[PDB]
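Q: Chain by chain, the residues:
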Amino acid sequence: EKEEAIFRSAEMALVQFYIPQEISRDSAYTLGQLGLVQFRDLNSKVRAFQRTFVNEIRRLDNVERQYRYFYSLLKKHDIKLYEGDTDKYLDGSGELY
Amino acid sequence: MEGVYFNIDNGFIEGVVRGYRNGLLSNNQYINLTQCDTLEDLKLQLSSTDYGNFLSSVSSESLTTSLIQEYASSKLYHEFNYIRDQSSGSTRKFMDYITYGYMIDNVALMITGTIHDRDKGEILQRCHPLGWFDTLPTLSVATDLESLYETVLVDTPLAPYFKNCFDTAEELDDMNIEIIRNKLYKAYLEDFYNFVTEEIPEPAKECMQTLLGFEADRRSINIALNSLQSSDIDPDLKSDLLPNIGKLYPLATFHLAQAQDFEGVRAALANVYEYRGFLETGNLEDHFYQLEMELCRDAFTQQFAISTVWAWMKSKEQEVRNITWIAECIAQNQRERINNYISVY
Amino acid sequence: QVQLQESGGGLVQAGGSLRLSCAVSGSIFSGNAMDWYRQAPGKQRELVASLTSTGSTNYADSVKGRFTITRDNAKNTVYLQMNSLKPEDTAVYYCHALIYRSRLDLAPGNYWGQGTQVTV
Amino acid sequence: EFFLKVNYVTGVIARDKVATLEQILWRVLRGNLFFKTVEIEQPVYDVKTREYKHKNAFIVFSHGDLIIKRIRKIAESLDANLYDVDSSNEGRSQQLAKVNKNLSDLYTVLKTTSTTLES
Amino acid sequence: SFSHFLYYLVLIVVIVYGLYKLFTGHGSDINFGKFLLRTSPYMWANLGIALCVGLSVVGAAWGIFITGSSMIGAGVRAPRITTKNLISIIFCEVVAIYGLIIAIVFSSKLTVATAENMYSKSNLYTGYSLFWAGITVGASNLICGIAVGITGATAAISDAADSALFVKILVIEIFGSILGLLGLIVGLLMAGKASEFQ
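If you read the sequences in order, they're chains L, H, U, X and Z. Position 6, counted from 1, in the first sequence is what the deposited numbering calls 8; the numbers after and before it change by one each time, with no gaps. Position 192, counted from 1, in the second sequence is what the deposited numbering calls 192; the numbers after and before it change by one each time, with no gaps. Position 110, counted from 1, in the third sequence is what the deposited numbering calls 110; the numbers after and before it change by one each time, with no gaps. According to the deposited numbering, the residues represented by the fourth sequence are 150 to 154, 184 to 297, in order. Position 19, counted from 1, in the fifth sequence is what the deposited numbering calls 34; the numbers after and before it change by one each time, with no gaps.
Calculated from the structure, these hints are not laboratory results. Virtual Cβ for every residue (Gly too), placed ideally from N, Cα, C. One thing to keep in mind: the hints can contain errors.
[To be verified] Derived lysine to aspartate or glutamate pairs resembling EDC-like cross-links, with alpha carbons at most 20 Å apart:
| # | chain 1 | residue 1 | chain 2 | residue 2 |
| --- | --- | --- | --- | --- |
| 1 | L | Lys78 | X | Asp224 |
| 2 | X | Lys195 | H | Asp155 |
| 3 | X | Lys195 | X | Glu217 |
| 4 | X | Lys251 | H | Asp144 |
| 5 | X | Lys231 | X | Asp194 |
| 6 | H | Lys93 | H | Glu79 |
| 7 | X | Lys251 | H | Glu150 |
| 8 | H | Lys247 | H | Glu280 |
| 9 | X | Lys289 | L | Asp80 |
| 10 | L | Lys82 | X | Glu296 |
| 11 | X | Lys251 | H | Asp134 |
| 12 | H | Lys120 | H | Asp144 |
| 13 | X | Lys251 | H | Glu122 |
| 14 | H | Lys247 | H | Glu215 |
| 15 | X | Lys251 | H | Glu146 |
| 16 | X | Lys247 | H | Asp144 |
| 17 | L | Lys47 | H | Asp37 |
| 18 | U | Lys43 | H | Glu263 |
| 19 | X | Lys195 | H | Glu150 |
| 20 | X | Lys226 | H | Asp119 |
| 21 | X | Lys247 | H | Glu146 |
| 22 | X | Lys214 | X | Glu254 |
| 23 | H | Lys120 | X | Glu254 |
| 24 | L | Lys47 | H | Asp50 |
| 25 | L | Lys77 | X | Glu229 |
| 26 | H | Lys183 | H | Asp173 |
| 27 | X | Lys226 | H | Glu122 |
| 28 | L | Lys78 | X | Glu296 |
| 29 | X | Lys251 | H | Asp119 |
[To be verified] Covered stretches of chain U (in silico footprint by chain H; criterion: 3 or more residues with CB under 8 Å from a CB of chain H, positions within the stretch not fixed):
| # | stretch |
| --- | --- |
| 30 | 51 to 59 |
| 31 | 103 to 115 |
Bound conformation, chain L alone:
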């Protein structure tokens, strides 16, 4: 049975994943959907600009800059933001999407 981990801390297990790269993006989403895992940093010694997926973060960071800019324009012209769907994908229920 699942432990009533209130008297003492829950018992952890260290797990190592052999992710095939072609599905690495796909599987990463499911782990984020389950929300059960906290990852170690196996490359802590590497400089920030040298980590292997830096370019993709640069692209998406640049998009977020533009989205922040749009939000500023909405505020300048005082057009109220739409009530977006919070439950678009069940919001962390532990179920795959």
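Following the hints, complete the assembly by docking chains H, U, X and Z onto the known chain L.
A: Here is chains H, U, X and Z on its own, set in the frame of chain L:
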């Protein structure tokens, strides 16, 4: 001892300022910056430091070694103004003295703009923002110092410093201005040193007397050398440039004022141990910065002493100058002297 | 950024002339003042001759009267020489340059050579 | 009667600086001063700043050419807008007639672009 | 300077008054002996109790804002310190209890004494004992609270740098807070042999 009372009004400030001190770039961090390939990498690397996301509003294609200087400086000025806003009394009075020096620079920078007929809308983009005062752009209006004094500078807190400016000729050029520029500093430093002596508690009193003493010496050695640019500058003009508060005074300052050649200056400094080696070898500008940071580093060891504000300010000033030097090497794609920053921390 | 280095010197017999040179880089004679310093086996080092920006030339002529100065701004290098060398002249001779960087009275540009030995 | 006391300089200036302007002019004219100013009731946007501030009109009377030139430069060294107001009342009406047409016309251009942008 | 001038003036007046009574032969009229005997023993004891908790609270309050301001100051960048460093604040507040302890203990000795025995030897002894004992505890805790407060402030600033400093600089505080206890111990010794008023 005064640390008993100091925290009544400054305890909050002393905490925040040392918060900034704990954010200064370390010797190791500069190396991690030095390894970057492009400014776009330098931005990403900096995000790991206490500078944070300050550049996140700048597009990749807009980065330049110029813009990085502007934004990095802007962060410092906002932090300085925040600290000033939370102060009062003698501490507020103390911080306002700091800005005097910068606005003295701005006044000189503004006036030469008129001598060379450049537009105010452009000059006001190069001014140092901490040296801002309401009437500053009005300096554009006239040429003679008398008019500028009567119509503007009488009102600013700089007014007392003009004791020796009106001896000017009736017509103004840039050379007169740099002489006037220095004359203002001499009065400013001597007044600032006097104010410290009267109103600042120990140990901050003795600490600031040391720091301002170094600045007086640094200006003295610069002026004693560069003044040889002209066919001549009279010794009784030089005596009006050299400030009285430095370690050099009066024993060495007299010789420097009297000196008419380099070897005279070198002989003059040979006697003062703190500077005995500065001219004999090595890069001069680095030595001044080297000693400046070592003094600030030592100043941080004291406690319950408002001089930490000055030590923090000068330290982060050099931090910006370190960043720009690295960025310039990165942008221009030359690296054989990228290491030459100065990092005491 | 300026690099100074000098050439010539070495061992030479007494009574002969001798010539020294000092290169300069990344800068121009405009705003330049430039010197030679001797340093004997006696530790102290001393000025012997100078080029001022205005073209005047200082000397230790009371003891180095036959040392001479040459202006080389047209070639942006240095060639300064001496006549009737004597055994007391054996010293490392350093060329020195002071650069009036700018109007702003910041710390000026200051540069030293590596020293050329002279033997008699 | 605003123009009671070309022989004058007129413009608009922010309230925080009208005192500075008046106080400086006292010395420039060595007390030979005829300064007048009027409040504007609403804040007005400085859209270059994306903020608004209170603004005041002002007028100063002077004849000297060099005096007028320096006054204009002083007024424009502070943030101010100076206008070529005609002296005669009919002249002001003539100028107002044109400005009224232009400004009324300009609203149409603003409306379409603003409509397009908000759309 | 105004206040310092008054200090010197008062001293001069005292000297003049003393010499006046002395030269005229009435020097014995400056009779500190009668003053100690004929003052009510309740005054000395009661001032001892009140000033004890009184000064002892100032010591805590002084220490509190010395450290508290720095914790809030340094904490703006490193909020982590706001709880780990709280121990140094405890040692400022604790000395207030040390004062309260003595006030409790001394309060047991206040009683209505019989008229003819008011100025008897035992009552006078208790009257003086509770005065100096209260002063000792109050002053010692005033001193102790200030020093601990100074130590707590700098400890917080060091913690904002690295905990490797905090765990070591905290030891400085121990040698401060012990003083408050030693003051309390001497306080209990002073009152140890004093009987309540009868």
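Q: Which hints from the list above does the structure break, by number from lowest to highest?
A: none
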